[PDB]
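Missing here is one protein chain; the remaining ones are kept as they sit in the complex.
When the chains are written out, they are named A, B and C in that same order, and each has its own residue count from 1.
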Amino acid sequence: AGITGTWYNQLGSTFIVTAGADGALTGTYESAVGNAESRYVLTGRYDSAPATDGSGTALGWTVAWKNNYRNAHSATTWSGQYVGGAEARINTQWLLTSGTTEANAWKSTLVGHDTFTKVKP
Amino acid sequence: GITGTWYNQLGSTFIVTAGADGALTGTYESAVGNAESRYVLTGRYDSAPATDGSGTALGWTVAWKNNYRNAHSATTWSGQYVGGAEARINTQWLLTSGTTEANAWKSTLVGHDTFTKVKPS
Amino acid sequence: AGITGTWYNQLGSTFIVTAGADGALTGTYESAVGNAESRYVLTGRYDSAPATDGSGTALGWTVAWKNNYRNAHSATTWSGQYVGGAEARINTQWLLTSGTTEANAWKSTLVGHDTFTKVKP
Partner (left out) sequence: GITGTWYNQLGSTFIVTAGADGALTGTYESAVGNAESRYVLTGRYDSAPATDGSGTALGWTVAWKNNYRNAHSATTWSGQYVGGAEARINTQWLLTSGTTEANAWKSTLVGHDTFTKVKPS
């Protein structure tokens, strides 16, 4: 699948990803330091039998920003596709939802994008 | 409050298990509950939400591949669980399809879903 | 076109819209009180020759949240389609971008949805 490994976004984040034979994505977000206080679980899914016509591999994953040290009361989901080859990428759009009161729910979800590469920018 | 069967008003059912560790697992099911339309979901939620009336942040992914069908796509939902008398999961979603590089710009749809524990009539 | 008139979202907002023959959308956001302090200009575009196959009319508009009284340093864009008939609607997704420092730009854009009707909820 080409997805298992360490991935870097363009803005100082690291993700350790494992792609299981069944379509499972597992792993962690890690800080640049790699310390336990900044480590969070990721879980998601990917297409384990992509098209053989040059198409990318659809996927998504979530991190809830709680570990045994910190809780931001929020969760990010990334949706995108893996593209293999010499310039392998995961191109994604993300949504970050924060836990809010009902009055503030309308402004609970931020949107953005991330591009993941196998080496640093 | 998250564990159980969630419905939108547009024909979808999700049977969700919320684990003590922050794991979301379960399935998408069609209205007829057939194996060909059943798909794995996995995600994460805040297992220690704020105690100030805020919702519980969460997200999950389904890759639309099972042993029968493969749409070469994946949906991620980002949102929050709101408890009380009329419990809800309020979400926004991204649907990414596997595409060629030329079509990657138009690979991600956006929308929203509102889920209830009450099966529609 | 069926678009000119007063429109209400589901959450206490009013928009006064004019659809020009050339594809122009003009008008204002108005508060429930209709006072000048809460009035802001909207401008956008719509498809002035939609398909005749039951399809909706694509459109979009922007409000920058500055008037002579107030400035939130932000702007909302709505993207969607008008659907005519007895239950006429404008179904939209929105993005709200706030002016931020470069360090906070990643969290400058909120996403949501609005449904507009010709009468109050």
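Rule of thumb we're sticking to: contacts are C-beta pairs under 8 Å (C-beta built on N, C-alpha and C of every residue); 3 or more make two chains touch, one makes a residue touch a chain.
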### Message
Tell me which of C:4, C:31, C:38 or C:109 is the one touching the absent chain.
### Response
C:109
### Query
Of the residues B:57, B:63, B:89 or B:94, which one touches the chain left out of the display?
B:94
#### Entry: Residue of C:15, C:78 or C:116 in touch with the missing chain, whole complex considered
C:78
## Note on the structure
In the full complex, chain A touches the hidden chain through residues 93, 111-113
### Query
In the complete complex, which positions of chain B touch the hidden chain?
10, 94-95, 105-106, 108-111
### Query
So that we can see where the missing chain sits, which residues of chain C does it touch?
23-25, 41-51, 53-66, 71, 73-81, 83, 91, 93, 95-102, 105, 108-109
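By definition in this document, only the chains that are shown with their structure count from here on.
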### Message
Using mean CA coordinates as chain centres, what's the gap between chain A and chain B in Å?
### Response
16
### Query
Roughly how far is chain B from chain C, going centre to centre by Cα mean, in whole Å?
29
### Query
Where in chain A do residues touch two or more other chains at once?
95-96, 109
